[PDB]
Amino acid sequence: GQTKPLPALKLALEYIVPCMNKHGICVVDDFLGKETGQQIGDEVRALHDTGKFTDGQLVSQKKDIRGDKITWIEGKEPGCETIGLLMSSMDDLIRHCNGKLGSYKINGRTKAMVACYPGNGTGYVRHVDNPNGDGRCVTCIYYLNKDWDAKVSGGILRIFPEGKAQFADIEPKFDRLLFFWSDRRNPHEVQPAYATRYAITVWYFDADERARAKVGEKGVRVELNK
């Protein structure tokens, strides 16, 4: 009634850029609205019911690392149009930011990794997303879990910013967008989840680090949506 969305340019330049450059972590709640976030949840639940997910441990393994299942979504597939819209919304924010996030020049991204922690106390041990300079500079995560209560269901993303006297507890709440630097500045872990936990991750590529990267689906650079 009295509420209005912030335009992407404003959110980007007045909040995301300052917050990232000071803290290396930035949370945006109510990113897309209830209607759209509910539609994303249905599409992700469809992918799961219909059996499109692959054990994350298979992807990462050579010791148990991660209890999640996953699938990569390009954005344009049948029953994935709203994930496509999500990805375009993320892209619009980054475009407005680009130039002003450290000295990175972002020239692309991965496809969307839709991930599912199927309850049963599953999670992801402490890790750095990009420890060996594979080109990914920013991790962007969108959560879609209605009425999530970490007291009961756990599933917290805990981030340990390198050499800071602080840490961050990020709850995977419905319609929350999360940005953090993908490198060693931000080791993090998904703590045990006791309900079904959904999340959609995209990583953004720095043009320079990417070009110099040494010889997965994490390695494909798509152009940003217009």
The other form holds:
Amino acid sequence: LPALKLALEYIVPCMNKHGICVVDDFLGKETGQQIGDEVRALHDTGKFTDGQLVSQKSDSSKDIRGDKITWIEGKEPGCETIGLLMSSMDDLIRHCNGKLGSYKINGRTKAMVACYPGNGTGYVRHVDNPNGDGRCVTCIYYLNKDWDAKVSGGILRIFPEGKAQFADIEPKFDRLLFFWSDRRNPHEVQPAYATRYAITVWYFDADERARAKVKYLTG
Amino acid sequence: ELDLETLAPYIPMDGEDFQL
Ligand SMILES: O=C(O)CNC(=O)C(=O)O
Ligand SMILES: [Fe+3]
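Let's see the other form, the form solved in complex with the partner chain, since the form deposited without the partner chain is already up.
What follows is the entire complex, opening with the chain shown before.
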């Protein structure tokens, strides 16, 4: 499937109708495995640190999210396949332009590479972008070979506003997920009992992200 | 109601944003 057809025939209608869109077998097993090695290498070489919160108050970040992460630009040596993933995500989003709600997506974060090190770690119910920080689309790539959610947990459960059913996303190998980052999609990472890896990029709406930067720079 | 930013995943809020 070309990006153009995936974007226009699937991602766009799916995002506009449901606000949550899964693409399985996104890059293929060979590229998926390479990404998984790069992530293992980061993990093994002690690159990960505690996942942080936008606004840190009295409780530890670890009470809220049990993952450890690093940020990847995609050009670092030994991270080139993550960079290919990021370009592939970018390509999809660029082919969606002007058709994802009324968003105009001009930019994104670096990739957040995140590991829940089993042990019942997860992420309490949250909204990625509750207060208008610019993030309009959350994009997650999973790379967990041999994941059995009934035994190892780690389900991403999303509660799409107004819907008769919540969405349970297993963190399955080579699975790509898009969802609106705002309050339409509260979500949680249910406790994980094996090592769970995912790479997240957030896409920014130009106008909202500009306002967010303004509020922050004069906050 | 809770400030939901206290639960939201951190992102760099200036000068780390990749332009597509
Ligand atoms: O890893 C997942 O499935 C979901 N992660 C998050 O919700 C997050 O980090 O904001
Ligand atoms: Fe989240």
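Shifts are known only where both forms have a C-alpha. Rigid core (definition): largest C-alpha set, two forms, superposition within 1.5 Å. Residue numbers count along the first chain shown, from 1.
Chemist: If I align on the rigid core, exactly one of 201, 57, 196, 191 should have its C-alpha move by 2 Å or more between the two forms; which residue is that?
Modeler: The displaced C-alpha is that of 57.
Chemist: In sequence order, what are the runs of at least 3 consecutive residues whose C-alphas shift by 2 Å or more between the two forms once the core is aligned?
Modeler: When the rigid core is held fixed, residues 57-62 make up the only run that shifts.
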